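This is what each chain is made of:
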Amino acid sequence: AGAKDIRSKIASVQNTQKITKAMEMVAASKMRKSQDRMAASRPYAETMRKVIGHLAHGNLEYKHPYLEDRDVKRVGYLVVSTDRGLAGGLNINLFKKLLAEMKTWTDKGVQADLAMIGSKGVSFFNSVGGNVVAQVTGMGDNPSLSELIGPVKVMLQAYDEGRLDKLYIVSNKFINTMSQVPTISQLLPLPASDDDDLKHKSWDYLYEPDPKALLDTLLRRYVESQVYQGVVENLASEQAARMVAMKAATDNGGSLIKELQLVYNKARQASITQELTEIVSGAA
Amino acid sequence: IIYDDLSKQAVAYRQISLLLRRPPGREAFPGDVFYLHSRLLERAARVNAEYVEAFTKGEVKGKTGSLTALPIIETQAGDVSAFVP
Amino acid sequence: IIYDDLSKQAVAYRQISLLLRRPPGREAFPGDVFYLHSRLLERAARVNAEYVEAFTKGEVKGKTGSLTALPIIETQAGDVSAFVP
Numbered sequence: 001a002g003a004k005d006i007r008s009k010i011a012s013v014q015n016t017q018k019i020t021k022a023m024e025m026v027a028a029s030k031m032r033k034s035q036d037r038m039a040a041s042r043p044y045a046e047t048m049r050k051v052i053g054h055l056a057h058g059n060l061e062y063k064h065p066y067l068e069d070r071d072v073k074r075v076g077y078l079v080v081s082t083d084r085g086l087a088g089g090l091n092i093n094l095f096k097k098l099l100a101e102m103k104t105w106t107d108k109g110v111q112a113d114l115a116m117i118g119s120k121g122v123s124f125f126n127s128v129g130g131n132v133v134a135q136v137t138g139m140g141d142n143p144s145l146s147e148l149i150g151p152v153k154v155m156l157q158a159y160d161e162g163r164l165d166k167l168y169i170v171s172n173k174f175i176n177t178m179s180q181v182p183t184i185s186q187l188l189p190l191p192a193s194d195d196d197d198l199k200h201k202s203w204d205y206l207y208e209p210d211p212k213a214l215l216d217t218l219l220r221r222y223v224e225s226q227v228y229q230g231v232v233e234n235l236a237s238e239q240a241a242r243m244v245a246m247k248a249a250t251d252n253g254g255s256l257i258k259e260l261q262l263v264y265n266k267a268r269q270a271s272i273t274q275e276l277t278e279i280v281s282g283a284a
Numbered sequence: 258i259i260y261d262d263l264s265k266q267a268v269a270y271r272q273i274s275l276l277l278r279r280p281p282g283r284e285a286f287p288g289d290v291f292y293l294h295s296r297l298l299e300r301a302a303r304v305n306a307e308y309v310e311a312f313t314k315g316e317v318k319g320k321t322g323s324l325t326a327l328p329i330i331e332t333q334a335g336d337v338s339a340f341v342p
Numbered sequence: 258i259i260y261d262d263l264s265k266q267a268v269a270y271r272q273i274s275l276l277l278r279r280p281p282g283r284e285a286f287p288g289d290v291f292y293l294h295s296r297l298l299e300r301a302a303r304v305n306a307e308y309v310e311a312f313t314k315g316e317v318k319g320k321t322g323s324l325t326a327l328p329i330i331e332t333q334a335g336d337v338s339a340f341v342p
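Chains as they are written, first to last, in the authors' numbering: chain G, 1 to 284; chain B, 258 to 342; chain C, 258 to 342.
Looking at chain G on its own, in the form it has when it is part of the complex:
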């Protein structure tokens, strides 16, 4: 206490308010760039899904494993998490939803399996004791598909090798700048769109060399693309969450300055009074 300590504390809180204002600005610009990098990713997945729609269950169809709902004896999850803190409640809401569903699956006696994108989830699920089999970390704000090839390779290999029976990606969904929602959604076996290529009756492809070898790579590339889109939406959501967190923190710093200054003024007045009284009432 005393005017000098409180004045030092006011100075430090003003500095904190500067820092958080700057972090809010930066997060807003990176949100814009990340939700451009997000929109740039749609065409690939959107056309590849129409190709698969025509080739898999169109006017002709095939019997690839990834398309059939076989019996669930254990599940795998791909978890997207940030690499950086100060993002608000994002990661923990996501992880609590994930744990709530993994609880059901393990109650039914089916095991669960995890592969981690980002280091926050890695540390968290190491602390909880989940089974993590593959991870990639330190992508930061520069996600690239060539890094996601590993962890999704592990899960696909373990799927068609018969050691999984369902595969999910769990990630946040960027909806509106002020709102973001965690979602667990399935990507194996392939979920069935209502797009009708019954109008495509009018034709069929020439397959070089044959359709069966092509459907396989199309499905693998499609799964990799959806995982990448999940990563990128989660990145834009991290930015849009850090923005609002830092806005709130700047307002809290501002509302705290106004209390520290009342305490400071009271201490200043008390010190003037005590000094001047000691002098006057000491003399004579």
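Worth flagging that the hints you see were computed from the coordinates, not collected in a lab. Treat the hints with caution; some may be incorrect.
One-sided and incomplete, this derived list gives chain C residues near chain G with beta-carbon spacing under 8 Å [as the list claims (entries may be wrong)]:
# : residue
1 : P280
2 : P281
3 : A311
4 : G315
The calculated SDA-like cross-link candidates involving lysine to any residue, where the alpha carbons are at most 25 Å apart (straight line), are [as the list claims (entries may be wrong)]:
#  : chain 1 : residue 1 : chain 2 : residue 2
5  : G       : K4        : C       : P342
6  : G       : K9        : B       : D336
7  : G       : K212      : G       : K4
8  : G       : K97       : G       : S119
9  : G       : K9        : B       : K265
10 : G       : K266      : C       : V337
11 : G       : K247      : G       : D141
12 : G       : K4        : C       : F340
13 : G       : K9        : B       : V337
14 : G       : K173      : G       : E275
15 : G       : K266      : B       : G319
16 : C       : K265      : G       : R49
17 : B       : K265      : G       : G2
18 : G       : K4        : B       : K265
19 : G       : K173      : G       : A192
20 : G       : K9        : C       : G319
21 : G       : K73       : G       : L99
22 : C       : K265      : G       : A1
23 : G       : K258      : C       : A334
24 : G       : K4        : B       : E284
25 : G       : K266      : B       : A269
26 : G       : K258      : B       : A269
27 : G       : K4        : G       : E259
28 : G       : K9        : C       : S338
29 : B       : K265      : G       : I272
30 : G       : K30       : G       : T183
31 : G       : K201      : G       : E46
32 : C       : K265      : G       : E275
33 : B       : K265      : G       : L276
Positions of the beta carbon are idealized from the N, C-alpha and C atoms, including for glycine.
Starting from the structure of chain G, add chains B and C where the hints point.
Then chains B and C, alone, in the frame of chain G:
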């Protein structure tokens, strides 16, 4: 009975006291700034029927008088923790 | 030697000074409250063997003497700036 400001009574007493060279205490209020308000507000009382009988020489029987006080105090910046409040 | 709360000897000396009408310093402490504690604490010393021989008139030779002091002070709200600390 309503005292419209007992902060301004305290300030006027502080004036009268400092003009008499009396050493001040916290926030420059005199030593007996508590006794000032204490001996005032302690009169707002309720008294039993025997006190009323004895005081009024037996003219009033079985009634109990009372005086209810609502003092008003003004607090600078919402500080309920200063010497006079 | 462990002087317990020398911050309470300073208050006793302040009382004695203010009753003798001596000029009050900061926090009403007397002027020579530094000289009060200084000449107390400068007695805790280690003395060389020659001073001990001269003092004991030759009875003790070749031994140093020593007195160690551990005064205690109490600081209100971590204020090491106050006059006594």
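Results of checking the hints against the structure:
| no. | hint | verdict |
| --- | --- | --- |
| 1 | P280 | holds, 7 Å |
| 2 | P281 | holds, 4 Å |
| 3 | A311 | violated, 47 Å |
| 4 | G315 | violated, 54 Å |
| 5 | G:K4 - C:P342 | holds, 18 Å |
| 6 | G:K9 - B:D336 | holds, 20 Å |
| 7 | G:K212 - G:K4 | violated, 79 Å |
| 8 | G:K97 - G:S119 | holds, 18 Å |
| 9 | G:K9 - B:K265 | violated, 34 Å |
| 10 | G:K266 - C:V337 | holds, 21 Å |
| 11 | G:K247 - G:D141 | holds, 21 Å |
| 12 | G:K4 - C:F340 | holds, 17 Å |
| 13 | G:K9 - B:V337 | holds, 23 Å |
| 14 | G:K173 - G:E275 | violated, 62 Å |
| 15 | G:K266 - B:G319 | violated, 53 Å |
| 16 | C:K265 - G:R49 | violated, 86 Å |
| 17 | B:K265 - G:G2 | violated, 28 Å |
| 18 | G:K4 - B:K265 | violated, 32 Å |
| 19 | G:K173 - G:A192 | holds, 20 Å |
| 20 | G:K9 - C:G319 | violated, 58 Å |
| 21 | G:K73 - G:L99 | holds, 18 Å |
| 22 | C:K265 - G:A1 | holds, 23 Å |
| 23 | G:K258 - C:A334 | holds, 23 Å |
| 24 | G:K4 - B:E284 | holds, 20 Å |
| 25 | G:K266 - B:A269 | holds, 22 Å |
| 26 | G:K258 - B:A269 | violated, 31 Å |
| 27 | G:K4 - G:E259 | holds, 16 Å |
| 28 | G:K9 - C:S338 | holds, 18 Å |
| 29 | B:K265 - G:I272 | holds, 22 Å |
| 30 | G:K30 - G:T183 | holds, 23 Å |
| 31 | G:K201 - G:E46 | holds, 20 Å |
| 32 | C:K265 - G:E275 | holds, 23 Å |
| 33 | B:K265 - G:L276 | holds, 23 Å |
Hint compliance for this structure: hints 3, 4, 7, 9, 14, 15, 16, 17, 18, 20, 26 are broken, all remaining hints hold.
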